[PDB]
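S.K.: One letter stands for each residue in the lines below.
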Amino acid sequence: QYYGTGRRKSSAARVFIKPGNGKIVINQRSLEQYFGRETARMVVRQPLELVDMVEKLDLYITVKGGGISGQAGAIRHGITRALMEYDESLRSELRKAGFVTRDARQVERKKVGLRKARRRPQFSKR
Amino acid sequence: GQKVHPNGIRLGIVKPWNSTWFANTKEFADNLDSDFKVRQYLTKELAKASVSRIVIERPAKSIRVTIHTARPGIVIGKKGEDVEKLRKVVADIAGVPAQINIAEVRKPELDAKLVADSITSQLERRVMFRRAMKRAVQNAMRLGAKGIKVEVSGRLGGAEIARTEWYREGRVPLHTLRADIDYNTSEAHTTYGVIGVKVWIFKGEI
Amino acid sequence: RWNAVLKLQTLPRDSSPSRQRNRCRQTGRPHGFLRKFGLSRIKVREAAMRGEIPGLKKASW
Amino acid sequence: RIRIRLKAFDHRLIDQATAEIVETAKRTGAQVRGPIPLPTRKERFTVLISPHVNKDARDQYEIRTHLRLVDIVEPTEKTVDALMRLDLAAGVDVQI
RNA sequence: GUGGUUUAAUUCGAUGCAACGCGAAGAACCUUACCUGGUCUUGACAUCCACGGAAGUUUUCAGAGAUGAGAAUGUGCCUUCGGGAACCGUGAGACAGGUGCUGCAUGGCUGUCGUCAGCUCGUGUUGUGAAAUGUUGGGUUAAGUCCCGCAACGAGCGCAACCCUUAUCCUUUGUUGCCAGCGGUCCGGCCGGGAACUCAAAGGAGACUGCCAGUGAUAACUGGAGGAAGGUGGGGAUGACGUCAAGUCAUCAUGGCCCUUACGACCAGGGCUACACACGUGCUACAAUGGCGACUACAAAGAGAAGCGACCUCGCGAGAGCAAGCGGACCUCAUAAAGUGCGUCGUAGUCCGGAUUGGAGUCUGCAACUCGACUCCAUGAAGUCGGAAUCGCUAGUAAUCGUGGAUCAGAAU
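Chains as they are written, first to last, in PDB author numbering: chain AI, 4 to 129; chain AC, 1 to 206; chain AN, 40 to 100; chain AJ, 5 to 100.
Hints listed in this document are in silico derivations from the structure and should not be mistaken for laboratory results.
No residue lacks a Cβ here, since even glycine has one placed at the ideal position from N, Cα and C.
Heads up, some of the hints might be wrong.
The calculated SDA-like cross-link candidates involving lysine to any residue, where the alpha carbons are at most 25 Å apart (straight line), are [unchecked claim]:
#, chain 1, residue 1, chain 2, residue 2
1, AJ, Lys59, AI, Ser127
2, AC, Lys26, AN, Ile81
3, AC, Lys15, AC, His68
4, AC, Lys134, AC, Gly170
5, AC, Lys61, AN, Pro93
Interface residues of chain AC toward chain AN, partial, derived using beta-carbon atoms under 10 Å [as the list claims (entries may be wrong)]:
#, residue
6, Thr25
7, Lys26
8, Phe28
9, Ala29
10, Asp30
11, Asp33
Given these sequences and hints, build the entire structure.
M.R.: Structure follows, in structure tokens:
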């Protein structure tokens, strides 16, 4: 068995990789069940495709906090890093995609003086 | 343009508050108004004494009030007569039985709040400020310190056009939020007009 | 009014002394009065701002 | 086995009281499970800094309600005598 | 909101950018500073003196109110019984007050060109002098950033650095967390139980062009590996010598000037939301990658004492009556919306769009006929996307959707 923390935005998804059929369990619920009708759901298992696993691995996931979208990215990271433990050599190929990198973007307070907290209000054709 | 109040900009760091007491959502207003009303008299009746500061602490129904003066003798009065007068007259302001203290200040030259008064006092009279500042800055510099700076605006020397005398020694980093620079500000009534007196005393980095 | 303010009459009708109510002293409103001052919610405010009410002060935030 | 949760608005007056509660119980009784922070529920306000225009300002404010645990086990007669008698902090609400 | 027009008054200031939801972070009386009419006083506010009753409470008569008249409980307190402290009321004296004018007389604070990037000093040297040199020149940089050269050598304000929030990790700690692990389970962490994980809090660790290749005199630039993040990683506070004689004397303080039966005070009653038009700033629009009904799945940050209001009952509903719990990361505001599953609607001014108007009702408030918001029924317009110009932006950002909060009894699109 192997483990992966995985984090994105405001969500944590522990990934416990285990050799098996290829079914994953998200909070005691099937992958499709939890992520029901959310095209993005697919990206969650992307890291497993690169190194070609899934049909060889069975995963047990535990996610909490944030939203389904964020959880999807969190579980992804957890899977990528978990794959590393199984075989470090996977890094050389799994890293090129950037799956080992955690998206640091965080919904920052929409500061004022600007409309986007970052983006400032320009001026008319002076 | 102005520069962030040195004292107010370093309150989070080396620079305690004038009044420290527990929270109180509904009493915060009254207590403060009381702390301000007590300062009112301590800022006048305690003038001739070099009132550097007036710390304030408040238990349930009490207050300490520690007036730091350069010459506590004038505050205490003849064999301790004035202090009795104060505590009483102050009680009239707020029934709450208040305490009182008279912690002296070792060498006023290090106290900014006082350096300002000494400078304005001479100006109120009528003396070449260029000398006042030059001396004042030298005094605090003489008594030690690592830096000092004095500034007087208004119509210096009774001149028609307003000016701003400078002068300073050592280091007075207002940006270095750590320097712990004791600030001050003393007004100055005059026949020709008002004039502000600002003095900075940098003592130790930490 | 002058007729409703029968409260002024110390001796209540057939009803026991409990009949005696309140009524404001200024406006004479029975709706919302303040026992301590004997004034209604509307008069206590007007009297407050005027400062005619001793010891009373507006709470601040 | 007595747990003492100390909560208050000011962060300092708590460290003072909480520390005292420990030090005093450190002698007569056990060494205490040690004073700890615990989760602090925060209440923040976002009002306009400047009264006019500068709509794009409104600073942030916050009023925190800190907590503590301490928790003193193996209480002796003197272990409590050192508590009931001395009590300074006023902005601190004790819960034994 | 404003101009104009208007009015008994519809207070005043602000005006190209740096006037126009502008001071008013909230005008129903109050606030207001306006108008008609009735009416007063040491007086709405400050200090003090002399003086016969004097603290204080509750009623009556008259009245539109104000006001006037009048009647009844009755003093502790410092000292002996007289004096006497206090506040209070009348009579009398000495006096206050003014958002009334001038911010080109001003302090303070703030806006602006500007976060724009440079601006200067001490001493030396050159010139009769105003000044120059140093801040010029070559390379380089986002930058007087840095390097090299040079009578210049150093220094100050600025830059950078010093603090906080956010991104990865660790240590300390856990009544939040979770069978992650085991046991029980009304299978709700719920319980036992344990701190791993998330989280909470504090401290600490961490990038510095160091390593590799190319170019270069150097600085440095370009590519690359390692790496959670890299070349100031990302967001705050902070705004130089000075400018416009910028704004405010209605925040406050202040020099001069000006009024003190009245440019003071009280009360009753009237407007600012008056229109043939003109302008600025905004809002709501036209669908089926849509609207509607039922069912159903996830959020964060916030608020609550007479207040948030579960639950029950009455009403189509607003709401009303009753009423539990919390004082609150354990009770409530809450339902999150879009989303998902199922069903319904056909291109016509239409189940598009909601103006306007009629009727009924709820709620706040002393009291909503010019001046309310909201609910239900009925009515249901213009509009089928727009003539000349012109405005907003480079990433979780645009665009789009919904939610909580400050001010606050209540017009925030």
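S.K.: Next, verify each hint and record whether it holds.
M.R.: Hint by hint, here is what the structure shows:
no., hint, result
1, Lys59/AJ with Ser127/AI, "19 Å, holds"
2, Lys26/AC with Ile81/AN, "23 Å, holds"
3, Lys15/AC with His68/AC, "16 Å, holds"
4, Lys134/AC with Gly170/AC, "13 Å, holds"
5, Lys61/AC with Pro93/AN, "21 Å, holds"
6, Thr25, "9 Å, holds"
7, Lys26, "7 Å, holds"
8, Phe28, "9 Å, holds"
9, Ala29, "4 Å, holds"
10, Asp30, "8 Å, holds"
11, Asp33, "9 Å, holds"
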